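This document opens with one chain alone, in structure tokens, the form deposited without the named molecule.
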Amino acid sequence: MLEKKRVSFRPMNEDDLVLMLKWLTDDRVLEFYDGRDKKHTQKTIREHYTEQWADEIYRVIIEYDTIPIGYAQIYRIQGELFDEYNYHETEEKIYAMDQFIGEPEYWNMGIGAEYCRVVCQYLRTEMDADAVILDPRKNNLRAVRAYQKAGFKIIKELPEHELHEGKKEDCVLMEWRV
């Protein structure tokens, strides 16, 4: 209302799969998301990024000044996903999220943190969310710090949680609460 809101997001559609291919064949992006040992193709992108591997999944495109610059997937934690995050089963509505900025000229600008704040507020007010959780690699300092700036708190360590570029990486469970 005072300044123009620059960070936004929109639902992903099938036309966005060409951006996903670009981002996930860019070694600069793969260094931080999925890994430079992943060899993506139109086929793998269409398979991974259209799969209904949880009951409630949303895929979104992160935007800056209307420019599409990254991707997020948001899903409700239910069933065995609780055990995957080492998060206790609860009747509260818990969402998990993964995200990346695929356009490196927009890194280190506060966009990821602002995207996290905007989507957390959307989940709270539109989806009746009680909490959002994340599991970044503990040594992905850029991500951890952005999540902390958005109000996520580390609630425990997740040892040997992710294999990334051949190394079993400890992660941290981070939580944002309503």
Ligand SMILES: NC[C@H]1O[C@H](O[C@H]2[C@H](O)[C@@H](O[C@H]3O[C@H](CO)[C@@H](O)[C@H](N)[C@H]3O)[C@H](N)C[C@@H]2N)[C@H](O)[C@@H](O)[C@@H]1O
Given for the second form:
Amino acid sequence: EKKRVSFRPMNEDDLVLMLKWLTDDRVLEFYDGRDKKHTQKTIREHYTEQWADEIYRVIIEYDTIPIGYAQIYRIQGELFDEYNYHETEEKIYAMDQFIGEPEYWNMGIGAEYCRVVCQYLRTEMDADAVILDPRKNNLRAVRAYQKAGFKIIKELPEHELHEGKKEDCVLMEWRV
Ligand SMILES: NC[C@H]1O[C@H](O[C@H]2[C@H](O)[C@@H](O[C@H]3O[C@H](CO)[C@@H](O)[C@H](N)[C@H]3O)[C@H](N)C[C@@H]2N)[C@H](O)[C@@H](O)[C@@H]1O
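Return the form deposited with the named molecule bound of this protein as a structure block, the form deposited without the named molecule having already been given.
Following is the full complex, with the preceding chain placed first.
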């Protein structure tokens, strides 16, 4: 009887939603940055680019309402160097995500989405670990990920250019 967080593959029609969310300064403060001036063209170019061999773009849904976005990609090849993550034979996925409808913030939805997608990547992709790299100043997001079982592994100084500053991030990892 409990409402469920789910996700589904992003399709071309969802680019309308993405334009709405990523021209909303409330969202851009936490994802992409308020200095980014998105258009239909930039959204298409950036959100259909296949910059990894294995990438899934998904719409996060709560009670069938589309409320956010995630990108999930297998770390392979040069992608390991982007996290100074030592390559082994383990299968590693990284993820970025945002909730674009702010009325669904601070409801535990972020942590619950993390739990659902980790169980999916484990059971359907045999993922060994899932990694995240939130900004250190986003303690809300760090706390939410830790509640979903992501362990803090190490700090990533000057990791992410965000609104004109190189921000320190936190490497976080889920295994079980
Ligand atoms: N989490 C919030 C942030 O998430 C993304 O940033 C992520 C990059 O996408 C990843 O990089 C991959 O995508 C790049 C193109 O974007 C490629 O150049 C690169 N080779 C790819 O490995 C990088 N590893 C982690 C970083 N968190 C958004 O971009 C950023 O706006 C948003 O605020």
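Numbering follows the first chain given and starts at 1. Only residues modelled in both forms are compared. Rigid core (definition): largest C-alpha set, two forms, superposition within 1.5 Å.
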In sequence order, the rigid core aligned, runs of at least 3 residues with C-alpha shifts of 2 Å or more between these two forms are 3-5
